[PDB]
Amino acid sequence: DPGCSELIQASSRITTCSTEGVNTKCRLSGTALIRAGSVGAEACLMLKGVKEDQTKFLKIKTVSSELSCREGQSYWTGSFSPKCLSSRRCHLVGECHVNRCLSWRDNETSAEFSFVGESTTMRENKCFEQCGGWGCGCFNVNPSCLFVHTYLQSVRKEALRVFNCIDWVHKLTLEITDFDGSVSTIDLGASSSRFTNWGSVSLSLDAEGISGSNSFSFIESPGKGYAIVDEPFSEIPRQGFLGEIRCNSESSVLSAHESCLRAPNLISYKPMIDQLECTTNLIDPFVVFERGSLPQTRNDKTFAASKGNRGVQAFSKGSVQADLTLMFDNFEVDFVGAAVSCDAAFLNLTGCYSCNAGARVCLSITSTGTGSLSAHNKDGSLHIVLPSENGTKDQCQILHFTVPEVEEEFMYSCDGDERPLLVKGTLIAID
Amino acid sequence: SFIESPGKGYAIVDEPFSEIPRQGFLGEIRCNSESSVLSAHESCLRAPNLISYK
Amino acid sequence: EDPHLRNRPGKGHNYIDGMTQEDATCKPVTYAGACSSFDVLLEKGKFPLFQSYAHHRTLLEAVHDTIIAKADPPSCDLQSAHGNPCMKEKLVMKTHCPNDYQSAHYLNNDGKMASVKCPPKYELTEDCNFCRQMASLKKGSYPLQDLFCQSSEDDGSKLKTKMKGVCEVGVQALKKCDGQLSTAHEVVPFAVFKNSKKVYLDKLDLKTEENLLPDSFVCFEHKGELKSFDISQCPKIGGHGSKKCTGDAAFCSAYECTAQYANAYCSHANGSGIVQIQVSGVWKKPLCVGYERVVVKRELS
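Protein chains in written order, with PDB author numbering: chain L, 688 to 1118; chain J, 904 to 957; chain I, 154 to 287, 290 to 379, 393 to 469.
Only chain L is shown next, with the shape it has when bound in the complex:
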């Protein structure tokens, strides 16, 4: 089980306390900086009340080191299929002429399709002259007309959103645990802040950064995995290129709305008197989605997807070198003086000394009620606070040491009276 990493003491000048109803009500109003832990560490803050037997931690568990994306220009795309209609009218019948057919406008609606309905899709109107006479399907030798109404319609039930990344924002998913017991999972990136119940935490100094993301393109799939394309972001929907038909939402692609942006003159027409063949050349994004799907090995990093927050993440080799700033906006913290007993027992010890992670210690907490344990060493540098329940539970955490042969005696107490306890174990040397 993970535990603390950098145990610091809160400043008493910005932390006041008071006695209200045989208890100890303490307030928190200040700003304190703490070193951010590595993958699997915590940013614990020791809080001391008016007495000496009141010790409460503020566990800020760190999941892992991630690099989130920063979206800016995005659009929706997908597959479509033309649905053209055939309507041949003879010459000199209604609205059928040569100049009216050779110079027909797309925005205008002919008389042979006005009764169909002005739908909210990407539709158009075309006209092509054909042969005349009794040998074609009319009675006059003048060229007849052929009004074609083509509208797009998506045949697939899925959609894809194409976006890019401009800066790999180093995201640190933190698991903030309040003093009373409330556990909240948030994240911090670059220098943003997240408001909580006790206050607001924000990322301080950063160093881990990856540049050169404008020459790539990512595709998001609702429900499936992500993808990556080895090309810059497309800005012009030209014919014969991936990204000629763009929209704005998922329903605009699944239902083929009229608000989508497409390339002009993209529908092919092959009129043969009565036979009409309307085909397109839309690039299927599923091919690139299945050929270049995450994870993909690029350069010397590892670009992958994500689990919690929907976004593009990047995994790089290295530890966590950052700081965390915790600001309090007047948060009242109460505490009830416990009076239960406990008998702790040593279990094992395995970890590292002078490292970023620390040494994982385990104690056999055995009590008869629900309380809290408060342990400390000799010089007052180490502190152990683990939840105590009714029964025999094995609570484990992480401690820091600067010696491979740890022989420090601890003094654990669950009410105020300490008891002797010695720990031991062999550690390894690692950075």
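Just so you know, the hints here were simulated from the structure itself, not pulled from any lab data.
Every residue gets a Cβ at the ideal spot worked out from N, C-alpha and C, and that includes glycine.
Any given hint might turn out to be false.
No more than 27 Å apart at the CA atoms, straight line, and that leaves these computed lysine-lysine pairs for DSS-like [to be verified]:
#, chain 1, residue 1, chain 2, residue 2
1, L, 746, I, 319
2, I, 362, I, 265
3, I, 330, J, 957
4, I, 313, L, 746
5, L, 735, I, 241
Reference excerpt, derived from the structure (chain I facing chain L, CB under 8 Å, subset only) [to be verified]:
#, residue
6, 319
7, 330
8, 412
9, 448
10, 449
Position chains J and I against the provided structure of chain L, taking the given hints into account.
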């Protein structure tokens, strides 16, 4: 370029000045007075597509 | 489709003790009768929130429905001796009273319901403070807030006003500021919870969800746009009742439609549902959320 603070010390920046507010530059959100900054007046200038939405 | 702005769900009562002389037209509130405490609520360009939330209860309807507590006394006199308790919490309330109206109510910082009035023969002023002499005196209560209320019983005593840069708003002393105070009026929303005080919030997030509640449909009466019709007389699904009602799929999917045997063509109301606010990043069930102008004492030194 130099930085002036009301009633405080000064500073120096080893970076050329830009007449257009752009991202990643010291001056992406500029105004014309201190009241236009402390209260964020609508007459200020800013770069388009700067606030991220999720 | 478009819901009406006068169909008041629930009881539909808009009156208070001491100024209940308008009970002949404000009990209930329908198309017949001009209720003085409801005409200004539908003014275009004055209360946009009340017009956006049509099918929703108000402060007075919440008082009559045992939702918002009452003050003591609920109707304080302005020209009475021995001071006036209903002035210390109202002087820092930047309001505006037009004419004719004699009484005016407001939502105090104690979560109750207070109101002031002028004794005959006097009326309100421009600052809604003292009384002056004038035509007719509308025996009612002029609303001074743009709030909407609903039925909820969600406890929220562990949430208080935690604004940034605010020392003391209204009459509730927040944080202890040893410096000076910036006495100035501004705009800020608020939200009152159950068994708590008037909690002020800088930002808010409204959420509307559609359900199958009876207060989410409008009906157009006819013989068997047009006028309104009482929806409480429509029968339920799988049963009968008083009269008969019919509508589209949204109305037939919840109640029983008799088609030609009905007397009112009902439809779906586009402006109702349960409204929830997001405070401290946690979605809760508020009671009465408003948006007035108060005097916020910010920092300075």
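Cross-check of the supplied hints:
Of the pairs offered as hints, the one joining residue 746 of chain L and residue 319 of chain I holds, with about 25 Å between alpha carbons and a cut-off of 27 Å not exceeded. At roughly 25 Å between alpha-carbon atoms, residue 362 of chain I and residue 265 of chain I fall within 27 Å of each other, so this suggested pair holds. A C-alpha spacing of about 33 Å is found between residue 330 of chain I and residue 957 of chain J, which places the hinted pair above 27 Å, so the restraint is violated. Under the criterion of a C-alpha separation no larger than 27 Å, the hint pairing residue 313 of chain I with residue 746 of chain L is consistent with the structure, at around 22 Å.
Of the pairs offered as hints, the one joining residue 735 of chain L and residue 241 of chain I is violated, with about 40 Å between alpha carbons and a cut-off of 27 Å exceeded. Hint on residue 319 of chain I holds. Least Cβ distance to chain L is approximately 7 Å, under the 8 Å limit. A hinted interface residue such as residue 330 of chain I counts as satisfied when its beta carbon comes closer than 8 Å to some beta carbon of chain L; here the least separation is about 5 Å, so the hint holds. Using the Cβ-Cβ criterion of 8 Å, the hint placing residue 412 of chain I at the interface with chain L is not satisfied: the shortest such distance is roughly 35 Å.
Hint status for residue 448 of chain I: holds, given a least beta-carbon distance of 6 Å to chain L, under 8 Å. This hint holds: residue 449 of chain I has a C-beta 6 Å from the nearest C-beta of chain L, less than the 8 Å allowed.
Checked against the numbered hints given earlier, this structure breaks hints 3, 5, 8; the rest are met.
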